[PDB]
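**Student:** One letter stands for each residue in the lines below.
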Amino acid sequence: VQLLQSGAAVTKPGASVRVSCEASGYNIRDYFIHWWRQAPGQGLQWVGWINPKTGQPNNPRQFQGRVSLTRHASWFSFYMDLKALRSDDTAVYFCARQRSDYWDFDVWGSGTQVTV
Amino acid sequence: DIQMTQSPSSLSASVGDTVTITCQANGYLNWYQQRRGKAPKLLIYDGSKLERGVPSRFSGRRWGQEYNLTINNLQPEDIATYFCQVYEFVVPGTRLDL
Amino acid sequence: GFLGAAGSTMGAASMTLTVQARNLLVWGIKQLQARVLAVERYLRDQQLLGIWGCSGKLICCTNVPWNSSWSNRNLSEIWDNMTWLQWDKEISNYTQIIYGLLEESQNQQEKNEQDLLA
Amino acid sequence: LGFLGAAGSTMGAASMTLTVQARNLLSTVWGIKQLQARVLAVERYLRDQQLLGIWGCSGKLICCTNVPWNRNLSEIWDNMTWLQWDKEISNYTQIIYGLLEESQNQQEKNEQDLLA
Amino acid sequence: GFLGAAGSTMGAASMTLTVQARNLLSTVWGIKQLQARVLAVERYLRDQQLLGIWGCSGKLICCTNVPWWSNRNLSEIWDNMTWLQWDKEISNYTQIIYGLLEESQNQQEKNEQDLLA
Amino acid sequence: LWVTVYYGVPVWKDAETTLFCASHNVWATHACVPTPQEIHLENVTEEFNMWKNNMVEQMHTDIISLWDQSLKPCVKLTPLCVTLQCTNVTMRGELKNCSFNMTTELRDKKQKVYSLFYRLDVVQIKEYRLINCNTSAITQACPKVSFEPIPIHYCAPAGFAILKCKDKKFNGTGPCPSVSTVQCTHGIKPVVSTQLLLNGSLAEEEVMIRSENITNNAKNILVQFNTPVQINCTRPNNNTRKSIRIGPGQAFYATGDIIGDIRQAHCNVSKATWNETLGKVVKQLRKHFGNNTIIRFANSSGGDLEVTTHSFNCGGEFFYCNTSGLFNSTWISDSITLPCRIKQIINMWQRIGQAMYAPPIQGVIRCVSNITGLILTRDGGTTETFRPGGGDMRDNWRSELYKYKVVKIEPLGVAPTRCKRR
Amino acid sequence: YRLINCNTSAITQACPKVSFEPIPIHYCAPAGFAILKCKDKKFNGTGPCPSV
Amino acid sequence: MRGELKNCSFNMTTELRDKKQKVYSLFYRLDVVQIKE
Ligand SMILES: *[C@@H]1O[C@H](CO)[C@@H](O[C@@H]2O[C@H](CO)[C@@H](O)[C@H](O)[C@H]2NC(C)=O)[C@H](O)[C@H]1NC(C)=O
Ligand SMILES: *[C@@H]1O[C@H](CO)[C@@H](O[C@@H]2O[C@H](CO)[C@@H](O)[C@H](O)[C@H]2NC(C)=O)[C@H](O)[C@H]1NC(C)=O
Ligand SMILES: *[C@@H]1O[C@H](CO)[C@@H](O[C@@H]2O[C@H](CO)[C@@H](O)[C@H](O)[C@H]2NC(C)=O)[C@H](O)[C@H]1NC(C)=O
Ligand SMILES: *[C@@H]1O[C@H](CO)[C@@H](O[C@@H]2O[C@H](CO)[C@@H](O)[C@H](O)[C@H]2NC(C)=O)[C@H](O)[C@H]1NC(C)=O
Ligand SMILES: *[C@@H]1O[C@H](CO)[C@@H](O[C@@H]2O[C@H](CO)[C@@H](O)[C@H](O)[C@H]2NC(C)=O)[C@H](O)[C@H]1NC(C)=O
Ligand SMILES: *[C@@H]1O[C@H](CO)[C@@H](O)[C@H](O)[C@H]1NC(C)=O
Ligand SMILES: *[C@@H]1O[C@H](CO)[C@@H](O)[C@H](O)[C@H]1NC(C)=O
Ligand SMILES: *[C@@H]1O[C@H](CO)[C@@H](O)[C@H](O)[C@H]1NC(C)=O
Ligand SMILES: *[C@@H]1O[C@H](CO)[C@@H](O)[C@H](O)[C@H]1NC(C)=O
Ligand SMILES: *[C@@H]1O[C@H](CO)[C@@H](O)[C@H](O)[C@H]1NC(C)=O
Ligand SMILES: *[C@@H]1O[C@H](CO)[C@@H](O)[C@H](O)[C@H]1NC(C)=O
Ligand SMILES: *[C@@H]1O[C@H](CO)[C@@H](O)[C@H](O)[C@H]1NC(C)=O
Ligand SMILES: *[C@@H]1O[C@H](CO)[C@@H](O)[C@H](O)[C@H]1NC(C)=O
Ligand SMILES: *[C@@H]1O[C@H](CO)[C@@H](O)[C@H](O)[C@H]1NC(C)=O
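Residue numbers (the deposited numbering), protein chains in the order written: chain S, 2 to 76, 81 to 121; chain U, 1 to 27, 32 to 91, 96 to 106; chain I, 521 to 545, 570 to 662; chain J, 520 to 546, 569 to 610, 616 to 662; chain B, 521 to 546, 569 to 610, 614 to 662; chain G, 34 to 56, 66 to 77, 81 to 135, 150 to 184, 189 to 309, 312 to 321, 321A, 322 to 397, 412 to 459, 464 to 504; chain F, 191 to 242; chain A, 150 to 184, 189 to 190.
Think of the hints as simulated: they come from the structure by calculation, not from any bench. Note that the Cβ used here is the ideal one computed from N, Cα and C, for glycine as well. Do not take every clue at face value.
Unchecked claim - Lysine to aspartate or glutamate pairs mimicking DMTMM-like chemistry, simulated, CA-CA at most 25 Å apart: (1) G/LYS168 x A/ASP167; (2) G/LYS46 x J/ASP589; (3) A/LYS169 x G/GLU190; (4) J/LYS574 x G/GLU211; (5) G/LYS117 x A/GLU164; (6) G/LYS351 x G/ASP230; (7) J/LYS655 x B/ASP589; (8) G/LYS347 x U/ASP1; (9) G/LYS97 x S/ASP31; (10) G/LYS502 x J/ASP659; (11) J/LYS601 x B/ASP659; (12) J/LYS574 x G/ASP47; (13) A/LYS169 x G/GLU164; (14) B/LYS574 x G/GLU49; (15) G/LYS490 x J/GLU584; (16) G/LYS155 x A/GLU164; (17) G/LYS171 x A/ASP167; (18) G/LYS97 x S/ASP109; (19) G/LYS168 x G/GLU190; (20) G/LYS282 x U/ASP1.
As the list claims (entries may be wrong) - Not close to chain I: a few residues of chain F, all C-beta gaps over 10 Å, as computed: (21) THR202; (22) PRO212; (23) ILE213; (24) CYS228.
My request is simple: use the sequences and hints to build the entire structure.
**Tutor:** Quick look at the structure:
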């Protein structure tokens, strides 16, 4: 049960970026996957989850309209998008694997550090 | 909604001593430890239960709304940031000193 | 043998109950279905026999009074002349209420009396 | 008034309707699913009847035994129901069953055999 | 435990009948278990019916009327011999007794009571 | 005192067993035993948990098994995995007219045929192919069987009981003051729907909101209406069906030209009734949150074509209606027409290996049905936004099986009494 | 030419390892049931049988 | 142990009946029989 994350990327404001995140270890359809972003010297911030079986995303009011989550099954790679960036959107992004009703995450990705 | 508080912001503990940090929150509470520059790891998933592979020195106790994280025999590599989280909400953790 | 006394009268067919009593117990499902159906039918019959206080007895007497409304014929004729099959149709209409009377009047009240007086 | 109709009634009043409960115990997809239930019901009924037969109470709804015992009968039979009774006394039922199996039945067989 | 009184004499093996009595009832793998369940139920029911017809319902020890082949003394039979040796010895004479009890002896006794009452 | 034995006692315990059916079709009916008495148990209170009910999983796997069993003796469309030649039909661009080579009843000869295919069923490689040609094998549904739901009663074996809750204001969990006993449930029509529950059972008292734990935003919210909201769905196109001999005694049913003009299929719902049901829902939902909070509504965020749109079956044909107009409002403190799409390659039960082909139906398709509940997801992060969501069919059955529970009957008890055996 | 039924049905071979010769078959009833027989020599299709 | 492995290429079917592909695999000497074809 290991999550592989893509490398860092730097971009200008008003651009789009992709951060692939792949799970190869376990039965993937039975567990949600959450995304967290942290600013330097600050606590984590929730970004939202995606359902592997149906692809239904969920995002907070601040991020809604700018971030879209998508999955691509194979005979499982999770993505993330940001339509419009800004000066303050420089953070680090982590994949997490929810496994119970307690919202306890036991597996995390290496992380991607995105600068704007 | 969810009301959450972290009182022990900065702490100065010596090696081998036992210290506790108080987190007040509503709902299921998790204790995480994150070294600088590394992804967080799960220490306590329900607020009083222990995770597989974690040192036996780590433990927790819940009294009413208050939650406490207790450890004994501090190690040189045991000084890092520790934070409590509930569902989506999380508060920045506490950094200890040698 | 089996069903040998079918034509005999009621008096002479009461001494051969054991012969019928001990014969009550693709190509792969048609045997299993029969094997379970026989058991179910036997257990149902034995349950009804037992809950009247007659378990373990082929011929049991009951203290349920018999009125002439259900049927009325001379005791000399019934056991000497007519057959069990002939009697089955005559009283077939009122069997259910007789069973209902046997349910609680025969045994339940007597069970409570035995419980108190023991 | 019917199947399980004295569930809330006091034990004294519930003991009068033994027969209504005792009567209903015996009696491709949904082709084997019915057969499983048919076998299971017979098995359970036979097990209960064997347990009654071992104790010498075969064919008896209200049996008397020879095993001696707070809990005055006045409060038990007038102020409680069978469900609370079960919840309170389910702990000791195995030892009571074990006593009933051999303490009072096989012995009675020995004295009856030696008497004649 | 179960079958533990095998080597013991018939005198000392007749006090543990209950412990042997309990264990009568107790997609390739889904068909070999239903067969076992039905077979066990059928065998138990047949034995119970055989007991019941003779007049023995819910009784582990009975006494019946027919007189009593063997020439051994009672002390000899119940002192040293075990149950299995007796079963192997007298397997021939069982069928005579089996039909003797159910046909007449009980069937007669079921009538006089009806005649008496 | 001396112990005694009673063989008939009212006692029950929690256990799980096989429940049988009592009542052509995809769900095999007339293979069920033909089917009452209901007893009210007085002065009894028992606890019900609909979120760990076992009767839901059993019925889910039974319906899956019935679907798989009913699709077995039908035609396999393996020769239809071929390079099509599609062209435009002249709801613009929705239909295609595709010609291809097909095998005939003689092994050494071919034929050239054509059919009308929807846009949602083909992908490009002018040359087109079916969607499932790389992930799944497609089989044709037999025209004899009907997809119309028929009520099914679930009954417990002998020695087992079903207890139901008659409390009108009962939520998902907690004791039920008024209990009762039945051995067969009411008719439960199997209907598939993702965002709006159809042909269900109404609530006598008022709208009711049930979730496993409402603090968790990852759990769906089930809303039960007290009055139905009529919806009228139609497919105005007039279709003609064809037959093609694809082998020895094997026929494939294709669509001929549409007679008359081509129009979009749709559904109509009443505006005032929906604007009152939304108000009642907002009030009952505002019970849980603060009174100062304001309740928003929005259409689905994203996902599959099954969870972004209200999907259902209307008389043997599959509809995917857009419900963005229903869920656009904000509450602080004429009719609505819903465009729909039609698909023929159907992959359901959230499996990625077994597809199915629905033969075309000739004529005009009309459905008139009720709306008796919603499935929602509240966004997390003084305003709350609720967006419709579905996709998992166990919620659909939890909506129906919340009252009932199954209990073992244990009739042996050893009570104290003042009597001894002689 | 072509086979007679390639437009209506599919062919499966008759599998030479088996034989088509009929052999007598009985039809026996479960426990609790019996099969009645009529021994009337001049017996019509329907009606009473005096020699059951 | 030279000659115990053989690289064999052949024509195989595809998802589509019209066209086929040319593939290859490594087989053991025990699983191939002469008919180099
Ligand atoms: C639902 O979530 C709540 C909050 O996240 C959980 O809170 C519990 O609430 C009960 C109510 O009496 C308390 O007794 C528990 O102590 C609370 N738990 C904690 C960890 O504080 C609740 O457990 C969750 N589940 C249910 C069924 O309510
Ligand atoms: C939910 O409603 C919104 C209304 O804005 C839809 O957003 C539009 O979708 C169309 C479809 O291609 C786009 O052309 C527009 O650019 C979108 N508008 C905006 C502001 O983004 C959205 O598609 C609807 N979602 C669903 C699942 O129906
Ligand atoms: C929900 O219920 C309605 C009402 O019975 C169903 O509509 C029926 O559909 C069948 C099959 O096409 C018709 O023969 C009936 O005439 C229709 N009823 C009426 C009153 O016209 C509908 O199929 C059900 N299921 C849904 C909507 O999924
Ligand atoms: C579902 O319906 C909504 C409402 O009509 C669609 O959103 C509209 O899309 C058209 C097409 O470009 C736009 O002109 C409208 O402005 C949109 N509405 C709003 C309020 O912005 C939506 O596109 C539909 N879903 C899909 C998948 O087409
Ligand atoms: C096994 O044999 C096959 C067939 O010759 C080889 O595959 C071909 O290699 C050539 C040389 O680069 C290519 O031009 C062809 O396109 C290849 N064909 C296929 C179907 O792959 C293969 O390299 C050989 N492998 C070994 C290990 O000897
Ligand atoms: C099948 O083809 C479609 C269309 O090209 C594609 O989207 C899908 O990913 C393919 N399936 C797999 C398993 O690659
Ligand atoms: C075996 O036989 C010996 C010799 O009589 C006896 O003492 C012993 O009790 C027997 N064992 C059992 C289990 O009966
Ligand atoms: C579909 O294409 C075929 C082949 O070109 C043609 O014969 C047929 O008329 C077309 N159908 C329609 C409805 O245009
Ligand atoms: C059908 O087969 C013919 C002859 O092989 C070919 O020319 C044509 O492209 C095929 N496809 C069609 C007609 O759609
Ligand atoms: C819809 O609701 C109305 C009113 O309760 C009812 O008369 C009608 O039968 C319902 N239709 C269906 C299909 O249940
Ligand atoms: C739906 O409503 C529109 C406009 O009110 C109307 O033109 C159409 O005929 C209606 N269709 C149905 C099936 O009621
Ligand atoms: C739906 O159809 C029925 C029957 O024609 C009609 O009475 C009702 O008004 C229609 N409702 C809508 C919203 O079109
Ligand atoms: C490989 O095959 C060639 C083909 O002639 C043969 O000459 C050679 O000896 C083989 N190599 C072995 C057997 O190691
Ligand atoms: C594969 O097919 C081609 C032509 O389609 C043929 O020439 C060749 O001999 C076949 N076999 C191979 C490449 O092994």
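**Student:** Indicate, hint by hint, whether the structure satisfies it.
**Tutor:** Structure-based check of all given hints:
Between the alpha carbons of G/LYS168 and A/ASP167 the distance comes to roughly 15 Å, so the proposed pair stays at or under 25 Å and holds. Restraint check for G/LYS46 and J/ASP589: satisfied, since their Cα atoms lie roughly 16 Å apart, inside the 25 Å limit. Straight-line distance between C-alpha atoms of A/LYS169 and G/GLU190 comes to about 17 Å, which keeps the hinted pair within the 25 Å bound. Note on J/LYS574 and G/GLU211: the hinted pairing holds, with a Cα-Cα distance of about 24 Å set against a maximum of 25 Å.
Among the hinted pairs, G/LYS117 with A/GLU164 is consistent with the structure: their alpha-carbon atoms are about 22 Å apart, no more than 25 Å. For the given pair, G/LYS351 sits about 20 Å from G/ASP230 by alpha-carbon distance, which is consistent with the 25 Å threshold. Using a Cα cut-off of 25 Å, the hinted pair J/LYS655 and B/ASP589 holds, with the two alpha carbons roughly 20 Å apart. Pair hint G/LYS347 plus U/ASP1 holds up; C-alpha atoms about 19 Å apart against a cutoff of 25 Å.
For the hint pairing G/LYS97 with S/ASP31, the CA-to-CA distance comes to about 17 Å; that is within 25 Å, so the pair holds. Proximity of G/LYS502 to J/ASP659 is assessed by CA-CA distance (about 21 Å); at most 25 Å being required, the pair is judged to hold. The suggested pairing of J/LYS601 with B/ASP659 holds, with an alpha-carbon distance near 23 Å, which does not exceed 25 Å. For the suggested pair J/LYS574 and G/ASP47, the alpha carbons sit about 20 Å apart, so the restraint of at most 25 Å is met.
A threshold of 25 Å between alpha carbons decides the hint, and for A/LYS169 with G/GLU164 the separation of about 24 Å falls inside it, so the pair holds. With a C-alpha separation of about 23 Å, the suggested pairing of B/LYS574 with G/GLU49 holds against the 25 Å cut-off. Of the pairs offered as hints, the one joining G/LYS490 and J/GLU584 holds, with about 14 Å between alpha carbons and a cut-off of 25 Å not exceeded. Among the hinted pairs, G/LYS155 with A/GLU164 is consistent with the structure: their alpha-carbon atoms are about 22 Å apart, no more than 25 Å.
As the CA atoms of G/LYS171 and A/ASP167 are separated by approximately 14 Å, the hinted pair is consistent with the 25 Å bound. Among the hinted pairs, G/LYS97 with S/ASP109 is consistent with the structure: their alpha-carbon atoms are about 21 Å apart, no more than 25 Å. With a C-alpha separation of about 23 Å, the suggested pair G/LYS168 and G/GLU190 falls inside the 25 Å cut-off, and the hint holds. The hinted pair formed by G/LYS282 and U/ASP1 meets the criterion: a straight-line CA distance of about 16 Å does not exceed 25 Å.
Every C-beta of chain I lies more than 10 Å from that of F/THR202, the closest at about 19 Å, which supports listing it as non-interface. Against the 10 Å criterion, F/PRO212 stays outside the reach of chain I, whose nearest CB is about 17 Å from its own CB. The non-interface label for F/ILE213 is consistent with chain I: the shortest C-beta to C-beta separation is roughly 15 Å, beyond 10 Å. The claim that F/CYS228 is not at the interface with chain I holds, since no C-beta of that chain comes within 10 Å of its own (minimum 15 Å).
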